[PDB]
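Could you put together the complete structure from these sequences and hints?
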Amino acid sequence: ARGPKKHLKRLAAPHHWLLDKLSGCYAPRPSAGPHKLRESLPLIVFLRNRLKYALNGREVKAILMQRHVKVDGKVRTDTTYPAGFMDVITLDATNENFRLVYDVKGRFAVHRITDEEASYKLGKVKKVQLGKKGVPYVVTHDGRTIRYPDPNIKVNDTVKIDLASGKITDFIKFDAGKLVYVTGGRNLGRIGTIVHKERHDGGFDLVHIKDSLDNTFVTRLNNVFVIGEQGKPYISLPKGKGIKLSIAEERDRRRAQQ
Amino acid sequence: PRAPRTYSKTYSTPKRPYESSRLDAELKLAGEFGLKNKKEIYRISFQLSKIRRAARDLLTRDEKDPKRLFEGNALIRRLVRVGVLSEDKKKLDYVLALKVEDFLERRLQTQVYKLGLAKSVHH
Amino acid sequence: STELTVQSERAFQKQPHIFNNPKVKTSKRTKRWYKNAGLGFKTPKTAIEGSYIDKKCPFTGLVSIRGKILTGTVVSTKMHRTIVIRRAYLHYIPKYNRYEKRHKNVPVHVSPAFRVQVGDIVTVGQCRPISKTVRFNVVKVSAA
Amino acid sequence: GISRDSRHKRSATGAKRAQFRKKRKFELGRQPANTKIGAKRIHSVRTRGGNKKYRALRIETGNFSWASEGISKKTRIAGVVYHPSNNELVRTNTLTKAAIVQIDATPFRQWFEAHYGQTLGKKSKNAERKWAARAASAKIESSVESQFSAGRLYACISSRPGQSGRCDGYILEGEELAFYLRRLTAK
RNA sequence: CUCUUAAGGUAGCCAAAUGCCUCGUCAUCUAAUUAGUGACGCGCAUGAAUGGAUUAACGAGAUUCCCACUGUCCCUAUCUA
RNA sequence: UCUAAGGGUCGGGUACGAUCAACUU
RNA sequence: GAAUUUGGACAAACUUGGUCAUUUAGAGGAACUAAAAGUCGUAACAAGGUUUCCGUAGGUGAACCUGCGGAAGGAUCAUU
RNA sequence: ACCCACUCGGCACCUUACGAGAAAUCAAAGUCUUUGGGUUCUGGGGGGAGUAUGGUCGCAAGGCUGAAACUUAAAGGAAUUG
RNA sequence: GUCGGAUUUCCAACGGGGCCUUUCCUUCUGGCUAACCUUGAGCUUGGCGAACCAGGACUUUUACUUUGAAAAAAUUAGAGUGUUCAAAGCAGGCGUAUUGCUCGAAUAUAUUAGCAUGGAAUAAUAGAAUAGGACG
RNA sequence: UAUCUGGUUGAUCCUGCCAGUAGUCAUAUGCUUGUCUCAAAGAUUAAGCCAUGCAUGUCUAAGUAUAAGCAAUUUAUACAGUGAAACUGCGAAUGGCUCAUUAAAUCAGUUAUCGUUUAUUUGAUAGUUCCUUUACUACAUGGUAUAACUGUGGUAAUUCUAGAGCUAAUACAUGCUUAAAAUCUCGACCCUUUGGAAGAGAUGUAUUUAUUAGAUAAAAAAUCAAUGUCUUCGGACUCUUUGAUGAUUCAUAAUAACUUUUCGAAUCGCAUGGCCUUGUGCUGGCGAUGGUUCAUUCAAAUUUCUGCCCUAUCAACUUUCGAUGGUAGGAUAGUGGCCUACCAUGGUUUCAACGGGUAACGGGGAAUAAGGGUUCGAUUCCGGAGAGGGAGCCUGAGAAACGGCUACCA
Ligand SMILES: [Mg+2]
Ligand SMILES: [Mg+2]
Ligand SMILES: [Mg+2]
Ligand SMILES: [Mg+2]
Ligand SMILES: [Mg+2]
Ligand SMILES: [Mg+2]
Ligand SMILES: [Mg+2]
Ligand SMILES: [Mg+2]
Ligand SMILES: [Mg+2]
Ligand SMILES: [Mg+2]
Ligand SMILES: [Mg+2]
Ligand SMILES: [Mg+2]
Ligand SMILES: [Mg+2]
Ligand SMILES: [Mg+2]
Ligand SMILES: [Mg+2]
Ligand SMILES: [Mg+2]
Ligand SMILES: [Mg+2]
Ligand SMILES: [Mg+2]
Ligand SMILES: [Mg+2]
Ligand SMILES: [Mg+2]
Ligand SMILES: [Mg+2]
Ligand SMILES: [Mg+2]
Ligand SMILES: [Mg+2]
Ligand SMILES: [Mg+2]
Ligand SMILES: [Mg+2]
Ligand SMILES: [Mg+2]
Numbered sequence: 320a321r322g323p324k325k326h327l328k329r330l331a332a333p334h335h336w337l338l339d340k341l342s343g344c345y346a347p348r349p350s351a352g353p354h355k356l357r358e359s360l361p362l363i364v365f366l367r368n369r370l371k372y373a374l375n376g377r378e379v380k381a382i383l384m385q386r387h388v389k390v391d392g393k394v395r396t397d398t399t400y401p402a403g404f405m406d407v408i409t410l411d412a413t414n415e416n417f418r419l420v421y422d423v424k425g426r427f428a429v430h431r432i433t434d435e436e437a438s439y440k441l442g443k444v445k446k447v448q449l450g451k452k453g454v455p456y457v458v459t460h461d462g463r464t465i466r467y468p469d470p471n472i473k474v475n476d477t478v479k480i481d482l483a484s485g486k487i488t489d490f491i492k493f494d495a496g497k498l499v500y501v502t503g504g505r506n507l508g509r510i511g512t513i514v515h516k517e518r519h520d521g522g523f524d525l526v527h528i529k530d531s532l533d534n535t536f537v538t539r540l541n542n543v544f545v546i547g548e549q550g551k552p553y554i555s556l557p558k559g560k561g562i563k564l565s566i567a568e569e570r571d572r573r574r575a576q577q
Numbered sequence: 014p015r016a017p018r019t020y021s022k023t024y025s026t027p028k029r030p031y032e033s034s035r036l037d038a039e040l041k042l043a044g045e046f047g048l049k050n051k052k053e054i055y056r057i058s059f060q061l062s063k064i065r066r067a068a069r070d071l072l073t074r075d076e077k078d079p080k081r082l083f084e085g086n087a088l089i090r091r092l093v094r095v096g097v098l099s100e101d102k103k104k105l106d107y108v109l110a111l112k113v114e115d116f117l118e119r120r121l122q123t124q125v126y127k128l129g130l131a132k133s134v135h136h
Numbered sequence: 019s020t021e022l023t024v025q026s027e028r029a030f031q032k033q034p035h036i037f038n039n040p041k042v043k044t045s046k047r048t049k050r051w052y053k054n055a056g057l058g059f060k061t062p063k064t065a066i067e068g069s070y071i072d073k074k075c076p077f078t079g080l081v082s083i084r085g086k087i088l089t090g091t092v093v094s095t096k097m098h099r100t101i102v103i104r105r106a107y108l109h110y111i112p113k114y115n116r117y118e119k120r121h122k123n124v125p126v127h128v129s130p131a132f133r134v135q136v137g138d139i140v141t142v143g144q145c146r147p148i149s150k151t152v153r154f155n156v157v158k159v160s161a162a
Numbered sequence: 002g003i004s005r006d007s008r009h010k011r012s013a014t015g016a017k018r019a020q021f022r023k024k025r026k027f028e029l030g031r032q033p034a035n036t037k038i039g040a041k042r043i044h045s046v047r048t049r050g051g052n053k054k055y056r057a058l059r060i061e062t063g064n065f066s067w068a069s070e071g072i073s074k075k076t077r078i079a080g081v082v083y084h085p086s087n088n089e090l091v092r093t094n095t096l097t098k099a100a101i102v103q104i105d106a107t108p109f110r111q112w113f114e115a116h117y118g119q120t121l122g123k124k125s126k127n128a129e130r131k132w133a134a135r136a137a138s139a140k141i142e143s144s145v146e147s148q149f150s151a152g153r154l155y156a157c158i159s160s161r162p163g164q165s166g167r168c169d170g171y172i173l174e175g176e177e178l179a180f181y182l183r184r185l186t187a188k
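Those sequence lines, one after another, are chains A, B, C and D. Quick note on our numbering: the first sequence kicks off at 320 and runs consecutively. Quick note on our numbering: the second sequence kicks off at 14 and runs consecutively. Quick note on our numbering: the third sequence kicks off at 19 and runs consecutively. Quick note on our numbering: the fourth sequence kicks off at 2 and runs consecutively.
Possibly wrong hints are sitting among the right ones.
Using 27 Å as the maximum straight-line C-alpha spacing, the simulated DSS-like pairs for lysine-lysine come out as follows [unchecked claim]: (1) C:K46 to C:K74; (2) A:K558 to A:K424; (3) C:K32 to D:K140; (4) D:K53 to A:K451; (5) A:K389 to A:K371; (6) D:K74 to C:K32; (7) C:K46 to C:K73; (8) C:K32 to D:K53; (9) A:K424 to B:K77; (10) B:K132 to B:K49.
So the derived list for chain A, only partly shown, Cβ under 10 Å to chain B, looks like this [said to hold, decoys possible]: (11) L330; (12) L341; (13) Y345; (14) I566.
Everything labelled a hint here was simulated from the structure, so no lab data went into it. The C-beta atom is built at its ideal place from N, Cα and C for all residues, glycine as well.
Put into C-alpha cells, the structure is as follows:
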C-alpha cells in the first residue's frame, strides 16, 4: 500500500533457498535485477548458506567490497543482487567457477565448472520484436537484449551468449527431440528430450517430455529450457542429470554405500 | 514476529476416570518398571496409539502400494531397531498387536536391571 | 437489427481512421474494416457487407476478445445493443453430498451483426470493460 | 475531490454499497478546462508518474489537415458552429474534441494556387510543368469550392485540447460534410 | 344470614352538559391550576329506541394546551381624513 | 438573450419536400 | 511576483425538522410463576355419583353449566 | 333372478406371525444398524403459550403467522401386581 | 541354473494394444513419404503424408470419472538424523582429524471453482416428416 | 482411542430431557510450587484519554568547505589530510501497531491488460541543436541568487525568525562546439522533347493531428494509358522488401505539418601514457553521477469465473438529483455513467433481491473427531483498512501520508 515493500519476512522467502525458520525474523529481499524475485539465489544466500565461505552477512558484505565476486564477469558488489538461472559466479580466489543449475530436487545446487565453461551462458528467448529505427532485437530470460539477431531465432529457442560481448554465437531451435531443462513447476530440475507439444490457442501451451528412463511428464511451455540437441547438451549437467528417483528406491542407493 | 515454535503434548488421558481393572493394571506396570506416576504409562499408551494409527493406515491400503511398502518398512525398521519388535516378526501386522509394555522393556532403567549392576529397579 | 437507419445520432458515425478519398472512383465506395476474432470464431457475412458502426463490435470495432469464453441462454433483450444471458450451474454442497441449481445473469453486448431472440443459446467472449457492467461480447449464435 | 471510483454509486441490483476505503489519489479526477478562443493561455498539470499534461485555455490557432491533398497547415479558428454533445458548448464557442469549427482557410487558398494553380473559387516554365503533371485533380468537389468564396472552412477538432493543449483536426469532406451541412441549415 | 319487591340497575359508562359533599383522591400539563386530560368508583340523583357504549368526516357549536404571530399588555408615542 | 419539444394544409408509376400559424411546457 | 478577488466542483461542520433503532419513567388495568395447614365450593380421575372430550354460541361466585354438531381416547367390538 | 368356477376394482373381515413394535397391537404400523424407490408436511423435556406484540384476512365473532422474560426435573406412552 | 538375491521356452491369471466379422471411429495444399507392392547377389534404385508438422471447412451440447499441470511458507501426516531422551531443530557424518572427503534439508495432503488429457457405462439435449434431408 | 452411567413408579419396558464423563495454541480465578528446555502476553470492556523519554536519518576516491575547526603534509600559492555546520542528492509511502469499519464488500483459487502508470535494478540506446543555422557567438566553457557564516534585533515561549553584508554547485537559469552519404521539395538555362541542369532548404529524438505501408492458398494469356530499368524499344524481366500473435488501427517505418518546445553531458574521482612541426600542441585508460527511449525487474491500478454467517414479525428493490443501456465529449496513467449533454426504459428478485443483525476484518489455519461433522480463527505468514471523527491537498515514481500540512467538530 502507498508504495512498494522493502522487507522480506522469513516464512515468506522462496522455499528453495533452504532458510531455517528460526534465527531471525527477516530474510534478504532481493533487489531489482536480471531475474524474477521468486526464482533468485541472491548472493547473501549463496556465499553464506550454500558455500559456507562466510559466517555472517557482514563477512559476506566484506567479500563483495573486495571486488572478488563477479557474476557474468561483472563485479556486482551488491549483497542482495538476484542471481538467476545459469548465471556464472566466478571467484578469483581459489580460481573457482560456479553455474546456477537446479538439482534434481529443484534447489540451486553447488556446481563447479571448468574455467572454459565460465566463458559463455545460455538464455531462453522470451520475445523478439522490432525496436526503434527498425532494428530487431531479442530478450533472453535474464533481461539481456541483443540487437541484430539471426532472423531465424524465434521465441522459446535458446541462445549461446559470449558473456564478454553481448553477442550470440549459436542458437538451438525449439523442436521435438531437443534436450531441455525444466525450470519452474512440480517437475522442476529435470532433463527430458522433448517428445511433442500442443497448441491450445488461448494460452498456456503444454509440452510432453520424457527422461532417459522412459518416464513421461508434461509441463507448460514457459517452464521449458532447451539446452541443446539430443545427446550432448551445451552445458555441464550436474550430478544426477535430473532423473527424479522415487523415494522408494533412492534409499537403496543411499543404503548402497554407508 | 518470529516463526512459531511447534510443540505437542506427549500423553493422553483415559476416558473413564475410575476403572478397578485399569487402576490395578497400570499400578502393576509401575511396580516392575519403577515409574513415578501414571504419566509415564499414558505416554507409552499414546506412543503406541499413533504407531497403530499409522500401522492401521498402511494395512487398509492395497498391498504393494508404493506408499505402504516404503513407509511400512520404515516403521518396522525403527521398532526392530529399538528392540521393541522381535526380528522374526516383521509383517506389519505384528506391529498392530505389539503390547503396552514392550516399550517399557527397552527403557534404560529396566535394561540396566537386566544388565546386572543394580540389584533392584529402584536402585 | 433492421440496419437501425445508421446515420441517426447527433455525431457522424464512422469507423475511426478509415478514410475514403473522394478524388478517385472505384468499387466499394465506402471502405469497411473488419478482423477475425480468432479462437475459430468466424466473421459473419453481415458484418462484412453491413452498414452499422457499433465501435464495440468484436469484428468491426475497437474491442478484442481475450480471457474466458462463456455460453448461456438469452433471457432479456429489451436493452439497446445489449442482452442478458442466464448461466446455470450446479453448486456442490460437500456436506449433503449432492448439488443445488444456481444461475447468474451476464449482461453482454450484442453486435448489430447478430440477430438474437429470447431462448437463443449464445457464446460470448471476454473483453475490456464496455460499460458499467458489460464485459463480454456476443461472438457466436448457436440457435434460432 | 472528483473521484472516479465506483464504490460509490449503487450496485447492479440497485443496492447501495456502504462506505469503504477513504478516497485514493490514484482514483481521482479534475475539472474541465473549457478551452475558449483567443489570447493563448496554457497551464501545465503534474500527472501520475510525472508525465506533464497541458491544459489549453483561450487558445488561438491550430494544425488542420486537408485529408485529400495529404497536407496540413496552421490556420486560425472563427468559432464553434455545431457540437454533437451539448448545444451549450456551441453558444459559448467552446473548443472540445469533435466540435465543428470554422477556420481561417487563408493558407489553404494560397497553397492550392501554389500547388495546382488552375483557380480557386471565382511564371517560369518550371511551374506549369508541375501544374500540367498535377492536372486532372483540380475537381476536388463542388461543396468545398463554395466554402472558399467566404474564406471559412468547416473543420472538426480531432484533438483533445484539454489534454494536449492543442486543437488539431481536419476539413470536412464528402459524406461527413454533407451530414453536418444538412444539420446546420435545417430550419 | 335475614327483611322485602312486579322486578331489584344487566352490558356498558362516569365528579360526564347528570357528583350534593367538592376545590373528591392518584397521575399528568404548570414556577404556581377551583381550569384541562388520563385513571378510580357505595353513582345525593349514570345506564340501554327516555335508546347505551364508541365513531372516520363535518361544525360562524362548548372547553383545554402548544408553535407562528402580534400595541392585548409592560407603556405609551406619533401620523392621516 | 437563447434553446428543445408539442401542428394544419399541399405534394410519389399502376422516406422526403413546400407553405402557414398557434400559446403551452 | 506576495496580499486581495470573481466563478466552479470537493466539501467538513452547525442550526432546524423528519425517520429508524436501542435503553427507560409512569397513575391505573390486566395477566403468569412461587410460598404460606388462608376463604368458598368439589368441576376431573370409578358409570367420579348429570359418561368424558372437541368446535361454536350464550350465561352464571368460581371451579363450570346449557344449546347445536361431532368423536371414543366409552361404560357396547354382539341380535339372521 | 338364482347355482358353480374364474377374474378385474372397491368397502371390509377371520387365523397366523415368517416380519415390526415400548407395548397395546399391525397384511401394514413388514421388505429399517444386512440402515438409500420418488416426494410434501410436521416434531425436538414440562409450563409460560397458541400468550404478548407486529402484520394480514374478517361486518363482527374471530382465523392464519407467532415470541421473549420467567420457572422446573421430571411431564409423558404401554403394560404388570395391588 | 548364485550362495536369502534374477534371468530365461514354459503350462495360468491379471489387466492393454492392433485386425476381421456389413463397423469412416472427417479431410487438402506439401514435406518424413511412412510403416515403402519398394529386392539389387542374402541389407537394394521407385509403394499410400500426421506415425510429426503451418493453414481447411466443418466442427451436438453437457454432467461424470481417470491421469496431469497449479493450489506460498509455516501448520498436519511423514522419510532421515544423537537435540544425553524428549518437546524440538534441520542438522550432520567420516578421515592418518598434519593437506581434507561426503550425505541431507525428501515425500504426501491440499474441499469446491478454473485449465489439459483418456473413458463414453450412467443421467439429460438436438438431429431426415406440409424433407430447403445426406451423398452427386 | 466406533464405550457411556445416575434421576419420572410398588415394580417394568419406552419417549425424553436434567446430571455426571473426557478434551480445549479458551479465557478467568482459588489453593500449592523444587529443577531443566521452550514460550503466549491490555485483543475481549474503552478504534477511551495520555505526563515524560525514545522509535528516521544518510557519504564515498568519486556534487559544493577560505570553519575566522583540528594537526601535519611539505608533492604543491587554488585546492587537494581529517573534518562540525549548511546547500544539494536520496530516504522518511518500508517497518511497527490495531481490527473500528466492511456480508459479492474485503478475501481465496483462477484469468486479463490487444486497458494503463511504474522511482529503482539489469541489458541495450542519440555524428542530425552555430536558428537569416559567413561574426548572432564563450566552447581549452557562459550568468544569478542564496545558505552556512559576520554583525544588528524582536518575542514569555515554539525545531519562530527580520533587516544588513558576504560565497559555491550534479542549486537555479542559459548555452555552441563532428563526417559523410542519400532522399524530397523548391527552383536558374539550354530551350525543347527522351528532357537535365546551376543553386537553396529540409530530412535526430520528443509532443499532437491526419494520411500510407505493415501481403503473403495456385497456373497461364488479350490488347490497351504510356516502353518501365537496358535495349538487338523485339522485350529476357526476374530482384520485386516485409516480423510476431488466436486476433488488432500491433511492433516499426514513410509523407505533411505542429509545439507555448522535451532530450541530445558547461559534472566528479584515480592513473597518467603515446605522437610529433615540444606547443601547456594532438591523442589516450579505469571508473562515478546524470540523462531520452525501449525491454526486464520491484510494483500498482483496474478486471473474469466460482465460492460467505443469522434473518420473511424484511417481498419487492433501483430510476426525484445515475438507476440499466446507446452516442458524443470532459476528466483519468488508463477502461468504464467516472462525470456532463441528448436519447431509450431499462436493471435485480422465491435459485431469496432489498432491508435488518453480527458480542463479523478475509484467509493459511485451531480444538474435538471411527467415517460424516460441530465450533473457532483480534493474534507469529499472506491480503485489506485505520491513525480521536470527518473533509481537502502540497512534495514525490509512489500518499489522500497523518512520529506531513489546512479547516471543521470533540
Ligand atoms: Mg533488497
Ligand atoms: Mg377444595
Ligand atoms: Mg372435603
Ligand atoms: Mg370419563
Ligand atoms: Mg393424548
Ligand atoms: Mg364400494
Ligand atoms: Mg430435543
Ligand atoms: Mg419443548
Ligand atoms: Mg397409563
Ligand atoms: Mg467439466
Ligand atoms: Mg438426475
Ligand atoms: Mg412418569
Ligand atoms: Mg408415586
Ligand atoms: Mg422411588
Ligand atoms: Mg452435561
Ligand atoms: Mg506496512
Ligand atoms: Mg539502467
Ligand atoms: Mg455513452
Ligand atoms: Mg467515451
Ligand atoms: Mg468489528
Ligand atoms: Mg475485535
Ligand atoms: Mg498482517
Ligand atoms: Mg491510510
Ligand atoms: Mg486512542
Ligand atoms: Mg489522513
Ligand atoms: Mg504517533
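Hints and how they fare:
no., hint, result
1, C:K46 to C:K74, "holds, 23 Å"
2, A:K558 to A:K424, "holds, 12 Å"
3, C:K32 to D:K140, "holds, 25 Å"
4, D:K53 to A:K451, "holds, 23 Å"
5, A:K389 to A:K371, "holds, 18 Å"
6, D:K74 to C:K32, "holds, 24 Å"
7, C:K46 to C:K73, "holds, 21 Å"
8, C:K32 to D:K53, "violated, 32 Å"
9, A:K424 to B:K77, "holds, 25 Å"
10, B:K132 to B:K49, "holds, 19 Å"
11, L330, "holds, 6 Å"
12, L341, "holds, 6 Å"
13, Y345, "holds, 9 Å"
14, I566, "holds, 6 Å"
Against the hints set out earlier in the document, a violation occurs for number 8 only.
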